[PDB]
Amino acid sequence: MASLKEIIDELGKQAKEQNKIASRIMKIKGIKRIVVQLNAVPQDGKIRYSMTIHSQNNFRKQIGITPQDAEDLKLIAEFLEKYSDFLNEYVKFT
Amino acid sequence: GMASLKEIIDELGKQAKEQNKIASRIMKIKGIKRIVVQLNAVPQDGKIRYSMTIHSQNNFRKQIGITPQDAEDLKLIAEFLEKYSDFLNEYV
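Protein chains in written order, with the working numbering: chain A, 1 to 94; chain B, 1 to 92.
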């Protein structure tokens, strides 16, 4: 896995050089469906960086995240685990 | 608890059937600050199927679809954010 610095630097150059958003799907060990991207976003004559999560089935639907979202993500995982058997048995998902 | 969630699920299906639309309810998860879970009752040709989506509370269009099987992915994302917190907070 590349360092966060190696990623930010490369995307920043791409964004500056191409004057567009440059993104990379992050390779995080064990993450199988949810996609995590780093984005270099040109704005106000400089480059800004963001981290976003997506499905592998629609990238335009996304949530921007920061370390401050860590607890929320864990609480959601805990909810899913708590009710996993119930939901899988009681409802048909689409 | 499960008993409440069961009733919420049935009532959400009823609403979707009666109002001819997707009906949604935000799940009551204690301690959430920003990213909330929504249950959706989705009509498909006289059957109700369900979906779950997570959203930013400050902008519900910012969302992704999830299932119970995604618990591990969410924990791994959280753990990544924790491990690299200092760098991310400074350079994001």
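Derived from the structure by calculation, the hints contain no laboratory data.
Just so you know, even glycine gets a beta-carbon here, dropped at the ideal spot from N, CA and C.
A portion of the hints provided could be inaccurate.
In silico DSS-like links for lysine-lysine, alpha-carbon gap of 25 Å or less [stated by the list, open to error]: (1) A:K16 - A:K32; (2) A:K61 - B:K62; (3) B:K6 - A:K61; (4) B:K30 - A:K20; (5) B:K33 - A:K92; (6) A:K82 - B:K17; (7) A:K74 - B:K21; (8) B:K6 - B:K30; (9) B:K47 - A:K27; (10) A:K92 - A:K29; (11) B:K83 - B:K28; (12) A:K92 - B:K83; (13) B:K75 - B:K47; (14) A:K92 - B:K47; (15) B:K33 - A:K5; (16) A:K27 - B:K30; (17) A:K74 - B:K47; (18) A:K61 - B:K21; (19) A:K29 - B:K30; (20) B:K47 - A:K29; (21) A:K92 - A:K27.
Pair by pair, the computed Cβ-Cβ distance ranges are [said to hold, decoys possible]: (22) A:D44 - B:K83: 39 to 47 Å; (23) B:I22 - A:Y90: 17 to 25 Å; (24) A:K13 - B:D86: 41 to 49 Å; (25) B:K21 - A:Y90: 37 to 45 Å; (26) A:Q56 - B:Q38: 14 to 22 Å; (27) B:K21 - A:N58: 39 to 47 Å; (28) A:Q37 - B:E11: 18 to 26 Å; (29) B:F87 - A:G45: 41 to 49 Å; (30) B:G46 - A:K46: 27 to 35 Å; (31) B:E7 - A:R48: 42 to 50 Å.
Now for the hints, and whether the structure bears them out:
1. At roughly 31 Å between alpha-carbon atoms, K16 of chain A and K32 of chain A are farther apart than 25 Å, so this suggested pair is violated.
2. Taken as a hint, the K61 of chain A and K62 of chain B pair is honoured in the structure, with Cα atoms around 6 Å apart against an allowance of 25 Å.
3. Note on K6 of chain B and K61 of chain A: the hinted pairing is violated, with a Cα-Cα distance of about 28 Å set against a maximum of 25 Å.
4. A C-alpha spacing of about 39 Å is found between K30 of chain B and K20 of chain A, which places the hinted pair above 25 Å, so the restraint is violated.
5. This hinted pair does not check out: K33 of chain B and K92 of chain A have alpha carbons roughly 29 Å apart, beyond 25 Å.
6. Proximity of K82 of chain A to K17 of chain B is assessed by CA-CA distance (about 28 Å); at most 25 Å being required, the pair is judged violated.
7. With a CA separation close to 31 Å, the supplied pair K74 of chain A and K21 of chain B exceeds the 25 Å bound.
8. Between the alpha carbons of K6 of chain B and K30 of chain B the distance comes to roughly 18 Å, so the proposed pair stays at or under 25 Å and holds.
9. Taking the CA atoms of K47 of chain B and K27 of chain A, the gap is about 38 Å. The hint is violated against a cut of 25 Å.
10. The straight-line distance between the Cα atoms of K92 of chain A and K29 of chain A is roughly 30 Å, outside the 25 Å bound, and the hint therefore fails.
11. Between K83 of chain B and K28 of chain B the CA atoms are separated by roughly 28 Å; this puts the pair beyond 25 Å, and the hint is violated.
12. Distance restraint check for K92 of chain A and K83 of chain B: the Cα-Cα separation of roughly 36 Å exceeds the 25 Å cut-off, and the hinted pair is therefore not satisfied.
13. A distance of roughly 33 Å separates the Cα atoms of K75 of chain B and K47 of chain B; the hinted pair therefore is violated under the 25 Å criterion.
14. Simply put, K92 of chain A and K47 of chain B have alpha-carbon atoms about 10 Å apart, close enough for the 25 Å limit, and the pair holds.
15. About 29 Å separates the Cα atoms of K33 of chain B and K5 of chain A, which puts this hinted pair outside 25 Å; it is violated.
16. Simply put, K27 of chain A and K30 of chain B have alpha-carbon atoms about 31 Å apart, too far for the 25 Å limit, and the pair is violated.
17. Note on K74 of chain A and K47 of chain B: the hinted pairing is violated, with a Cα-Cα distance of about 32 Å set against a maximum of 25 Å.
18. Between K61 of chain A and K21 of chain B the CA atoms are separated by roughly 21 Å; this keeps the pair inside 25 Å, and the hint holds.
19. This hinted pair does not check out: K29 of chain A and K30 of chain B have alpha carbons roughly 29 Å apart, beyond 25 Å.
20. Only pairs whose Cα atoms come within 25 Å are accepted, and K47 of chain B paired with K29 of chain A is rejected, the gap being roughly 38 Å.
21. For the given pair, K92 of chain A sits about 31 Å from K27 of chain A by alpha-carbon distance, which is inconsistent with the 25 Å threshold.
22. At about 31 Å, the beta-carbon gap between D44 of chain A and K83 of chain B misses the expected band of 39 to 47 Å.
23. Checked against the given bound of 17 to 25 Å, the beta carbons of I22 of chain B and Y90 of chain A, roughly 19 Å apart, stay inside it.
24. Distance hint check for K13 of chain A and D86 of chain B: the Cβ-Cβ separation is about 23 Å, which falls outside the suggested range of 41 to 49 Å.
25. As the Cβ distance of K21 of chain B to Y90 of chain A is approximately 22 Å, the hint placing it in 37 to 45 Å is violated.
26. Take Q56 of chain A and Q38 of chain B: their Cβ atoms lie about 20 Å apart, and the range 14 to 22 Å holds.
27. Restraint check, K21 of chain B to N58 of chain A: a C-beta distance of roughly 21 Å breaks the suggested window 39 to 47 Å.
28. Between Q37 of chain A and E11 of chain B the beta carbons are some 37 Å apart, a value that contradicts the proposed interval 18 to 26 Å.
29. For the pair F87 of chain B and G45 of chain A, the beta carbons lie near 24 Å from each other, so the given range of 41 to 49 Å is not met.
30. Between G46 of chain B and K46 of chain A the CB atoms are about 54 Å apart, so this pair departs from the stated range of 27 to 35 Å.
31. Range check, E7 of chain B to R48 of chain A: about 45 Å between beta-carbon atoms, so the 42 to 50 Å window is met.
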